[PDB]
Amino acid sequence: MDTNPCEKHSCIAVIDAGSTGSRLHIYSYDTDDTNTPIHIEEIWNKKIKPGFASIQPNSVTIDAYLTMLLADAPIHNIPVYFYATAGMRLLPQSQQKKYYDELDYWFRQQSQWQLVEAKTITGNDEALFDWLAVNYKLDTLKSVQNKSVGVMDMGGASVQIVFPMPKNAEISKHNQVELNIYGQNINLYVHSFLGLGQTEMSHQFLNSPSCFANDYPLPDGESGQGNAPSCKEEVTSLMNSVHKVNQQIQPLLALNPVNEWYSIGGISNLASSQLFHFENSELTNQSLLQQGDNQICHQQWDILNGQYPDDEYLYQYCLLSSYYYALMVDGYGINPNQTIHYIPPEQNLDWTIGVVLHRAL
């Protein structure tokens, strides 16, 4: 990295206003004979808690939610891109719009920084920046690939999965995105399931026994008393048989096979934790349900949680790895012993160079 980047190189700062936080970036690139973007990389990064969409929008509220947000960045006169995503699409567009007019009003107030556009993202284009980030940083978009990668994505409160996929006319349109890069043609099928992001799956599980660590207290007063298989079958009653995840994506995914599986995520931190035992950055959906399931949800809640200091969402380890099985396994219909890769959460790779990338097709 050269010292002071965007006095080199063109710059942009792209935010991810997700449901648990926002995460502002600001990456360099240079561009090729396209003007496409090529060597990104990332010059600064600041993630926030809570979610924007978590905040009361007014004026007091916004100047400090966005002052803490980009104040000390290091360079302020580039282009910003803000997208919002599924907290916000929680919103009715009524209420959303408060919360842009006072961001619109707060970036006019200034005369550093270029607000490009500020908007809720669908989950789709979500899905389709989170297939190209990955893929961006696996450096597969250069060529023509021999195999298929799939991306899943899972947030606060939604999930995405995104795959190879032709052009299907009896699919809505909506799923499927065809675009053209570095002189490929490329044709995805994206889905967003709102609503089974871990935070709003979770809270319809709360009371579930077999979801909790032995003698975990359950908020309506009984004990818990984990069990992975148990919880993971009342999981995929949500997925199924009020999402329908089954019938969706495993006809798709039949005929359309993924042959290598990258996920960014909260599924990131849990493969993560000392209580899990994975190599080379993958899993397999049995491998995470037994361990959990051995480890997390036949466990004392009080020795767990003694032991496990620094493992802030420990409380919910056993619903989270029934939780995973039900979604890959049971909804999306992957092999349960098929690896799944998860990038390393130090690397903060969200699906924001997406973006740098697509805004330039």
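Superpose the two forms; the largest set of C-alphas matching within 1.5 Å is the rigid core. Residue numbers count along the first chain shown, from 1. Compared with the form deposited in another entry:
Of the candidates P74, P229, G183, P257, the Cα that moves 2 angstroms or more after core superposition between these two forms belongs to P74 alone. With the core held fixed, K173 shows a CA shift below 2 Å between these two forms. Relative to the superposed core, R108 undergoes a C-alpha shift of no less than 2 Å between these two forms.
Core-aligned CA deviation for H298 between these two forms: less than 2 Å.
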Second form
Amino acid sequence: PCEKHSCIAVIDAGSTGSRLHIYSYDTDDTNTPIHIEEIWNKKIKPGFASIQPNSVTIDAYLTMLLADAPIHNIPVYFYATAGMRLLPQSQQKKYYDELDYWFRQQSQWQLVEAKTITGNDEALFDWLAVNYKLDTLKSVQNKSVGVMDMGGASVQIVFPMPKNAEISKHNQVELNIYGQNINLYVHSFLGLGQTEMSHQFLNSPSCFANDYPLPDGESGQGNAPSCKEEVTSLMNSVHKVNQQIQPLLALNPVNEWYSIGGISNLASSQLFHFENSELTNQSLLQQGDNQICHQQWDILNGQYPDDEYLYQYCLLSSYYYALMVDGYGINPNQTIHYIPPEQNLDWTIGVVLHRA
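Output the structure of the form deposited in another entry; the preceding block shows the form deposited in one PDB entry.
Lone chain follows.
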């Protein structure tokens, strides 16, 4: 396919492992990629930021990730995300010095850039990947599309907003796609992703099903409004999510919301009932509260012994609600679309659109 079309590789170096995507694409007369197709996809574990940063360890890791690919001589972007953002810069630099050397030693891959992207650039790529899949990029807008990424270490939110000199430059992006200028607000809250935030609530009985054993030896005694309130303290008293986001959304309303990341896995599970790949915050909290928070744990576990996230769904349903409703200000009745997990939508498509 790379003889008939252009090709580009994007490595998503995320917190649990690194995923190489190779895409073929064509370019239309606005200089924008079209017909983007993933032609190779390889994941390896563990996360890059968890491995020893010396040449032997990096060489083994990059060789396992890359050496099997069926194409010589294509541009590659190596983009690490929140996993790496959590490491000191001095530690990060040891990985990049070794990685820069490794790429210089070979010619199959033409490294364009290797860096830890900001959460705001990740949010940009999220918005582009979603809108590409929905086919909303090509014609002149008319409805505002917002995207939320519920990631493992950081969460992103991104939505159209005219340029504003009162708002930091880091929270705004300007781009032109399919011939149209776009202005977006982007924000990422590092620490607020579902794995990192969970580490603050593991001994909260409000956040777990009844009788679930907490690490400190106490028992869950779930209640989603209570758990939601505890999560909302982290969101608003610490991260100031409400103060930062709600006034901007009031002034630049979003007509349609799409979410990606873990909410898609919860909402697609056997325990929750959602159709048309959408949910409302009201339904999500009511179903978490009734089905997990106030449910006897051993009984529930006996019934769904294979979903290893089951025991976490009182906390996650409470947290998604606390983030969207108490943090972002979204009405509990507002439809939120989620991208099905079995659709393999990936933010790296955004990198192809913006950088290829």
